[PDB]
Amino acid sequence: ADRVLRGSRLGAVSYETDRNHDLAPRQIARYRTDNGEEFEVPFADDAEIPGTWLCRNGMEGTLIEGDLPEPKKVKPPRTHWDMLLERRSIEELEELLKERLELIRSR
Amino acid sequence: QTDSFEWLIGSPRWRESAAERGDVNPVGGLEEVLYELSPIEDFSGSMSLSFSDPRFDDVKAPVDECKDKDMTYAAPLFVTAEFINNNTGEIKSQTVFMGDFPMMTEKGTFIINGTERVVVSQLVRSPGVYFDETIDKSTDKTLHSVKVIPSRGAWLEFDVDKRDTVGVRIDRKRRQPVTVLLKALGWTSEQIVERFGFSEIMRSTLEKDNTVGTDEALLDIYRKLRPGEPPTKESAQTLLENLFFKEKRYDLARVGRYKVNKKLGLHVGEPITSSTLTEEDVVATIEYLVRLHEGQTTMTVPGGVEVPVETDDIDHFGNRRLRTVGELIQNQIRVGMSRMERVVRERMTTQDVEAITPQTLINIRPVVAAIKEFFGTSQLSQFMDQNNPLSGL
Amino acid sequence: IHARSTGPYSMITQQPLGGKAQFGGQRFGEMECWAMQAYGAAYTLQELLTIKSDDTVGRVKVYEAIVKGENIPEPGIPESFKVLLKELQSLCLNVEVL
Amino acid sequence: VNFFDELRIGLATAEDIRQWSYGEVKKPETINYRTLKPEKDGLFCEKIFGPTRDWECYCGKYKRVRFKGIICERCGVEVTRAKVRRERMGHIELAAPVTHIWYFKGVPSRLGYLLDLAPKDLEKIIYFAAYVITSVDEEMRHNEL
Amino acid sequence: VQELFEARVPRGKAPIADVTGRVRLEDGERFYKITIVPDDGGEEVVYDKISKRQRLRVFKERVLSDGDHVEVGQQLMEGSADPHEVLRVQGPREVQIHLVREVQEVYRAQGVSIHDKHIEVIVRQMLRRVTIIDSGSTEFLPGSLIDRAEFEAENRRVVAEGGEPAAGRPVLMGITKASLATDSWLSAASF
Amino acid sequence: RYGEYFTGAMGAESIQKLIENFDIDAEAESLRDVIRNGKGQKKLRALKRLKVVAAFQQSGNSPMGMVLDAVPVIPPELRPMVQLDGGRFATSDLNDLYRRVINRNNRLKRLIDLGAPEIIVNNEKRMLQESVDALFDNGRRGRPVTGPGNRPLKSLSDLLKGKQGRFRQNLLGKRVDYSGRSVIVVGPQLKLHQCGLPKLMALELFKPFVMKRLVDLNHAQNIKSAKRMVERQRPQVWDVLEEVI
Amino acid sequence: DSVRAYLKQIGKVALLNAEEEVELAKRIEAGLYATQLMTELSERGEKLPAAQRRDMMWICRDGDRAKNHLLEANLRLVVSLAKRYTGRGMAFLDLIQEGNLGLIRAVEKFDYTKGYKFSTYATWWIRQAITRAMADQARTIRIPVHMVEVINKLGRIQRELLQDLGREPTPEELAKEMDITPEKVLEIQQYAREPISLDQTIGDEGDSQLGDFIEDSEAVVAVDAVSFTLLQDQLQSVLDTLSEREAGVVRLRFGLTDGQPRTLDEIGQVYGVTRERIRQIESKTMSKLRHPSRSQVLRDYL
Ligand SMILES: [Zn+2]
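Residue numbers (the authors' numbering), protein chains in the order written: chain V, 2 to 108; chain E, 57 to 449; chain U, 1041 to 1138; chain S, 4 to 148; chain A, 1031 to 1090, 1096 to 1226; chain R, 247 to 491; chain Y, 226 to 527.
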């Protein structure tokens, strides 16, 4: 299919001029990960400072400060114990473990 | 080019034309794939399918229209097939529209999507027997080989060692001896002396043959085949006769048949046509080989014409033929049915018995896919250079 | 006949692209460069393989300098060269310049 | 710089590679099928590789040159050029150690010298066919033998 | 010429003399039979098998024969000369002039005038490195090829330390073979 | 029984235990003692080993990098993805290979947390290792990874080695602009320092320069009247052209 | 090829039947209730003696032994079910792994008082893992699974109906029969295709690639770029020749010195004036801009 054919990138092309002055001012927080790090992350000077943030490591961490908002909202996994307790009862496992624990109790 | 086309169709002009110049029983080019292809047989042996009567309908548009409206210059194709039950016999005969079929002009041309394109003739070496003699540079002596090639199969070479004796590896499996081919072929060691003892270098093969017993060495032949498999009575003779006496996968050329007769001085006054390999030709080229490497000039054969002994040429025209376009398109229809029928026999089982018409078994689609597949993307199909009538010629 | 001052380029590389409806581009070889070494006219070579081949950000500079008729700017780093360095950095290589 | 003295090559240590990159992805995705925009944590991840559109965050809240060097923390993308996406290297941390191939299958195997081992025996190690003793104390075996 | 720059074994093999003296010339089993007697003398040098198609060499006074006085390194038959053995016998300075006359003859046969110093430039890279016959005292692996100026710079620091008898011969090697031994490593990557 | 005493494992983490619990020096001077004593296939093995043990012995490196616990990723524009007209997408081959990597890392990564029999574990780690191997170089270990059409893919070394190599990327040479070609005839009235020039091609070449000069005297307003006026080939360009050549 | 070492690996396993894993389920469930018995034992304290420690620790190891024995017994089930869905989409070892995970979930959700074959139980989870994994990791562009529903149904009606007509169907016919618009099925036919690779040869000799031929319409043209800056320069040279007020009204209005279009009251807010005062000076400025001496140098700049 050797013919003069055009395709496409995605994104934007701009012919804006260059300069190194009159930019918006900033603010610097230094978030702290679990593995003892300080990451100078520049933020725009008019902004909010959130609690959790994925960092340059590729992990999340806490702030420079010691707010400690919440170690919560996570859920336990659906374990095999729950999948047992759906189709089997507590009496089933108590008497069944009286059977098996009898069987090792009589060896 | 005009008489090359002419033939897959098989014109009445072709019929008389290739009927007055000898040509006793002319058969069609499509027919040449039919009678080797039909009849179609299942593995159970309980039903059967047959083909007959290749013919053609009329054109659908003239050349000015086709070149104008950028189509193919084609015409329909009918072949009357028949399903035949083997248990009771059935007459399901049904002329099935096999598909469209491209057509050649009286200009000798073809029109694909309006484009005028040309089929190039492709020179290939003819299959057959190729004798050769080489001289080594260690001890400077004379070894005598032959390479015998079929069409669409494996190869076999009858060589001569730098020492004693021979080189008889088939499909390149290290070496064989000549006698185990003959004794395991079902022949006595006595007739090795009687027919092939004059011819005394092979007496050393009968000395160092190192195995007495027909199947006792033929098990070692199957050990030369795989290696490492317990042989049965299948792999003794029948597997070997699936490589040289079953004409379903090992099929040398019709001309290569004629070339074997023509070289070997066979029964040549014969109207025969086959692709089967006798072993009598094999022992014939054995004895021609040893009469070559004993030093001679001439040779006759019991039951056939005498032959002047000589080496072969490589680039001689009698060794290098031409596949014409009808042979090219013949190969493309051959592979098109090779890809077409290979699910049809598969669906001879899994389709419902008594509920199948020949229409339900034929897929005409991969055939025309093979045709339009062929005219595209081939370096044998090129544009017509139309800038000089000389150039187009 | 072929001729070009400025036209289309590739998307893989920054090289000029040449076909029928393209202006064509002129493929500059190897022994050519050997003879350029044989003169030793190295500023010509630095003109050739950089601002004419692969560095995008120079082309606007030298073209605009020609527009204003200002000085020829110095040829910056061939960025196509640095692409190789990133390929080496992809494969467990502490490569470094000093 | 354009004042180069040498160009020296070594093995890149693990800490320097994770000092090189700007993040680690975790999804096998390129873009969306419809809006054709890059997804999170996949290929072309704007959050660690940069703006595909010029000075435009994915939040779309800032567009201008005066907003540069700053981070839309809604989009998580620093505002800059798009051409620097031909420069930013990524990484993937592993769940287990992984040997490099060019020391093993290269001839001669510098691994095979490096601990004085056979190549064929090392092959069944790294393709997990058998165990090997890597460290054993000699005190307790010695006196308690 | 292409083989004469990579300097492999020429097919026109004819040995040269090894010592001054006289010759004992005989025939052999389809070849010839050659024996050199030394001039001092000592061990007589015998050459066995050179094919009779490869016939005698002409010297000046008219034709090589038996009982003839033998020079240092005079070639015995027609054909071609081995570089390595005349390197082993007469010295590098000669082998220079030899290769000059050989290539120069080839351009003279078509009559194309090429100045000698370019050939000399190509010569200079061919004898840069020496081998390690004996390790001596300092890390020199035998079977390796090492730059001469580095070898003499390493033997320049011959402050006592135990003596360093690292032995080696001047080594000719083919220009591809020589070209492999670089330091730049990306020209080496360019193969 | 006796599992309290030894340590045994399989694969690369045990290999890392070998590397960490290894010293250069006593091995090195041990091979010095061998090359003092041994000879033949007792010193030559210590020779071939002593070169590379000497190599780690010289530089301030470590054999830590020979195993890996983090795999880098090349920038995306070296594996760029292009859509043609009509919604025709094209990209590099490496990307789905990386996808095999990330799917095996997340797959193992989730599978460990449950716990498993070890038959699963060496299977998944083995698939991981071969994914790394096919990432670096296809076809080195066993069967090459092929995709559609049963044709092999392009690995990292494929970008480096071969007919796309450093000659074939850099030193192959390439095409540049401000150039052209045509057929030639004789100019027998010229001089040596002189040459002739076809003028349509000449004006086609010298476009930005004449576009500069024609605006300088007031024949034009801007670049746009300049370039458009060139594309019209108006007759006012020619006397400018002898000045600019 | 790890199929040799992996069939070689699983070939050491003995096959099992129903009544065994009936008891082995009691061993495993005894393991889990010994496990939660151990955790509640850690809750209340009051640790049982050594025999009543080794019995629950023993049966916790026992449920792992019979559990892993069952998993070993059904790796052969993973192979035997998975071994025909090849030739498309994904490598076979991946199918092994996801069949293993679906078999893990089926082990987690199996009951023996229901009285069935264990494989016939697990078959929904195994094939469901096939649909999930092949739904996920088989395409360069990930398509949601509800569209994959009509990919399967569309290839079914398209292939079988393609046999029904005996030839290639038309999109309006599929729009008729699958009860949609032709633009719908045309969009699906656009979505169904695999992306073309980049690195294959162009059909012939043999050295070049495909990447030499890619035309960018988003390319960096030079002449407009230089044109843009000098255009801005002409904006400066022309726009600074008007009055002091109108410069600030147009610049602060149109987003020129800052880059943002503003409301009416925003630039009148800094001046302390009305919206109508801004609109009459700005509109009269628009009358000043159509004075043609300025427009003559700016007409070609369109
Ligand atoms: Zn944003």
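Derived from the structure by calculation, the hints contain no laboratory data.
There's no promise every hint is true.
[Claimed, not checked] The calculated EDC-like cross-link candidates involving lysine to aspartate or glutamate, where the alpha carbons are at most 20 angstroms apart (straight line), are:
(1) U:1122 with S:8
(2) R:263 with S:8
(3) Y:334 with V:66
(4) E:302 with E:336
(5) S:86 with U:1119
(6) R:453 with U:1119
(7) R:288 with A:1137
(8) E:163 with E:87
(9) R:297 with A:1218
(10) S:43 with S:19
(11) R:355 with S:32
(12) U:1060 with R:404
Here is how each hint holds up against the structure:
no. : hint              : verdict
1   : U:1122 with S:8   : holds, 16 angstroms
2   : R:263 with S:8    : violated, 38 angstroms
3   : Y:334 with V:66   : violated, 46 angstroms
4   : E:302 with E:336  : holds, 16 angstroms
5   : S:86 with U:1119  : holds, 12 angstroms
6   : R:453 with U:1119 : violated, 27 angstroms
7   : R:288 with A:1137 : violated, 46 angstroms
8   : E:163 with E:87   : violated, 26 angstroms
9   : R:297 with A:1218 : holds, 17 angstroms
10  : S:43 with S:19    : violated, 25 angstroms
11  : R:355 with S:32   : holds, 18 angstroms
12  : U:1060 with R:404 : violated, 31 angstroms
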